[PDB]
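First, one chain by itself: the form deposited without the partner chain, in structure tokens.
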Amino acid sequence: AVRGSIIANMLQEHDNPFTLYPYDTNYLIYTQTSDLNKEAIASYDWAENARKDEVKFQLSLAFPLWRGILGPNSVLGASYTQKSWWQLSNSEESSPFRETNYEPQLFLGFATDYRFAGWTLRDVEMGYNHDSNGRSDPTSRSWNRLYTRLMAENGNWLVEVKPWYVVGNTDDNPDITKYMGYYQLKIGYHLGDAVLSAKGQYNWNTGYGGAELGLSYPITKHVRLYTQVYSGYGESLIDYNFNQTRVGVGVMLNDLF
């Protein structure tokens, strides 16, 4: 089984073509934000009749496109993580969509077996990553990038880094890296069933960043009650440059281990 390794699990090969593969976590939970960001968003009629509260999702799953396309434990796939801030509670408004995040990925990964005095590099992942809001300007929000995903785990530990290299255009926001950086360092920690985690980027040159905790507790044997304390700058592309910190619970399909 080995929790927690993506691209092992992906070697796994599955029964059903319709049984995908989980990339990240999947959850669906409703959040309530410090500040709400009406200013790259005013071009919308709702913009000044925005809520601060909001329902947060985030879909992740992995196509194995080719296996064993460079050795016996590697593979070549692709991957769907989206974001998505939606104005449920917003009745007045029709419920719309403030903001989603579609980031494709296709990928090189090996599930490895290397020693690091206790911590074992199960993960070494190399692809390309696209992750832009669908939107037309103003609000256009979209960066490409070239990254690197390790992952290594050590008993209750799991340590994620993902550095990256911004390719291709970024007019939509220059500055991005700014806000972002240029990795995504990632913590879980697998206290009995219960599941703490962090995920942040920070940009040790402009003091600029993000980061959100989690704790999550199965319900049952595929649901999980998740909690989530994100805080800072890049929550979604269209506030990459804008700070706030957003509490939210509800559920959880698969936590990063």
Contents of the next structure:
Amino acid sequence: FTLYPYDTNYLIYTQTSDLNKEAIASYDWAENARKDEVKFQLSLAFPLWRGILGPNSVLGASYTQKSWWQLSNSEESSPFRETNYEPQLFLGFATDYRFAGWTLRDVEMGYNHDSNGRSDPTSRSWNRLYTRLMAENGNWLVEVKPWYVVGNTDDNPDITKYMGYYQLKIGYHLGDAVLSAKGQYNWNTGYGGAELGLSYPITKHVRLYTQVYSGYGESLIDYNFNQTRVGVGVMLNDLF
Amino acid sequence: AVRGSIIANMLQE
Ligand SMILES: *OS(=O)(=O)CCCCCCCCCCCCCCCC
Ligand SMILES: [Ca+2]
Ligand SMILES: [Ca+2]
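With the form deposited without the partner chain already on screen, would you show the form solved in complex with the partner chain?
Now the full complex is given, and it begins with the chain already shown.
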């Protein structure tokens, strides 16, 4: 075994309810943007120092990339509409704190940068200090990832209005099937977004995968934009 | 060992 995954790794074909042409008016091809896109995510984890703060701790790094590719739009040379680049640096601990049938398994604290690699005016980025907590119980997995925005957020000063201050993740193992829900919700502004997924093994390393996203903040360029996206494709690893 | 644990996996080799 050579490389470690962090988040999920998948490639799906999607259709959004509405494409945010406004935010991307700067690109010449934007006026002819289509609603169907290839969406894919790559997510790797890189252990840098095992045992830094004990036998079950790790200084580590991760990198998650989400891309939206206008594949069918040959008229405009099938450009990428958006890519989000999400590198992290963290301290992780493998734990076994049991409470009410639930076992806390992962405690992770670190720094997160999330940006889209564009110049103005379509530049988007923010920095967060976060903690990720993962607990399981039977066929259930629950992950809470609260954060604190730090630094400059001039590209989208009101990003927390739409993203809130935490991300909740729920997994359910139904046989080899994995039902998943990933979401954010700011109570004070009413804005949020949810990602429901379903995956099933085709083989020991490949899974069929269907995803539905609804709400705000699917990508940085659509952080303040509401859409519903449905997609089908393949997956390497699901959450558990 | 452990299903879903990113950290436990990273500790492995
Ligand atoms: O958001 S932005 O600031 O506009 C773009 C940020 C892009 C961050 C780049 C991080 C890329 C990580 C590369 C992973 C290579 C893995 C090698 C790791 C060796 C330990
Ligand atoms: Ca091209
Ligand atoms: Ca930028």
